[PDB]
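Only one chain is given next, in structure tokens, and it is the form deposited in one PDB entry.
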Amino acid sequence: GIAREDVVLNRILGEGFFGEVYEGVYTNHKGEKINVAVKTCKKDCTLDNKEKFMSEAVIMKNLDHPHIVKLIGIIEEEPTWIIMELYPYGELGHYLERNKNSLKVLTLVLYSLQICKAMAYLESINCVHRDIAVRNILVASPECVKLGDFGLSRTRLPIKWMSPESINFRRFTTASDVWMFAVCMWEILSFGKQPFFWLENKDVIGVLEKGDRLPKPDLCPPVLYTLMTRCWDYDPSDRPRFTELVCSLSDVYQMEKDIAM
């Protein structure tokens, strides 16, 4: 069990949905230093916001995966603190924008592949992620991204990222996560472009009903855009399960390192 004394804040990382996140340091019990990020709860509305905060904590306590943010410990007390590993590189959306020219599609696929395995894992443990989006994904290194911890489950709504069912009947299933995930693949492959930036929220469903979808992205192969295309099938039962995307992407990528002279 870790205690407040073991943590030393240094600055403000930003403002999360629940309140400031702080960069700090955490000394072991062997005496070792570890850069860290500390999730805190605003001036959180009564039960509602804190409960949502706790719910996230509890899930995170349980998860364990190379491509999910590393939870280091929790200070249940007051105010309660969630200590995550820090990833200096920051959000993928921005690392994407500031490295267009440097990044080789074999990398953009590698990212997608690791996000997918993170999802397959989550699916296995009965969890859903309500925020698979490039600004909610962290860059651990150049060859490694780590998914969120926020949207993690089982308002402001990524309508532009949600399946039709997710919109009409607020149904958030693992098949709607398959849809949301493909939208995140698009986002990577399109160097941080915002999905449907031309539309306003209130008209997305309409668009998809007509059968309109996000355009192939420049660097995206055809096998991949086709795979993405199935995840956007209006009929849930039609889209691929994670286990399958992890196989296909696992191919499109080992092929991608083949096509690599």
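Rigid core here is just the name for the largest C-alpha set that superposes within 1.5 Å across the two forms. Positions refer to the first chain, counted from 1. What changes on going to the form deposited in another entry:
Measuring CA movement between these two forms with the rigid core aligned, the set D235, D218, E51, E200 has one residue at 2 Å or more: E51. With a cut-off of 2 Å and the rigid core superposed, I75 has a Cα displacement that reaches or exceeds the cut-off between these two forms. Once both forms are fitted on their rigid core, the CA atom of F18 lies 2 Å or more apart between these two forms. If you fit the rigid core between these two forms, you'll see the Cα of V252 move by less than 2 angstroms.
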Contents of the next structure:
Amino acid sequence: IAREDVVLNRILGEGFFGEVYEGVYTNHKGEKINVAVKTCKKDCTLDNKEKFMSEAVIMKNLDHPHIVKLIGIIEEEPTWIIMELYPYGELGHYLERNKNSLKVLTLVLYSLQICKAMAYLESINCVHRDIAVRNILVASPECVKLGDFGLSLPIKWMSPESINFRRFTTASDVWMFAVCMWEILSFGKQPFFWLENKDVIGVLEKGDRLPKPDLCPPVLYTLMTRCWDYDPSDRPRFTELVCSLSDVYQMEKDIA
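Moving on from the form deposited in one PDB entry, please list the structure of the form deposited in another entry.
What follows is just the one chain, with no partners and no other molecules.
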């Protein structure tokens, strides 16, 4: 990927190692691809420059249909990591904007797609630690992609073991994933929006849970409740949750 083939438009935000730019990449075909161009401050340590590159190293190896895509890497100074963006933006903003036209089967489709992405990460014992609708992009009205645009706390999405002891496992991600589904079925509503972060653990310890979103099928809410078991061992694996969500999707397809 050549630097002249990438035009920068505006600052997307500040990453951990430097600014992230929203740009456009013109390929060999001439078609314009929306991209996020991640940069690293010059004054960083070699250790910090290495940690910056690890995203390019890992992301190059990821090719899952429901995971964000790496477009390329420009190693020559200033080093850029180019990731694909889509014009439909974040899922949270997309859900809010299309709340009146989106059908429940589509919300179950998105839930299943993220579950498939997470079942793959589970296969390689990798933990996301920040499963939330803000970390999901809309590739098309029928395709969502999981990413990680956060800085390595998201209290309102975290399992009790993550809040209490900073323990993060695949089991804790399963909890976060059900919170992500609650956001999808609620059309982008923030979980526990009515609480402060300090109040969350007290409510979970007492046995209180996020209520069923109006449009959420009872079977899907039961699955959400199993992911929110205080005991991490009693939550399903993403691998089996794919089977569970595929059954829910087929029942919703049969209803619609």
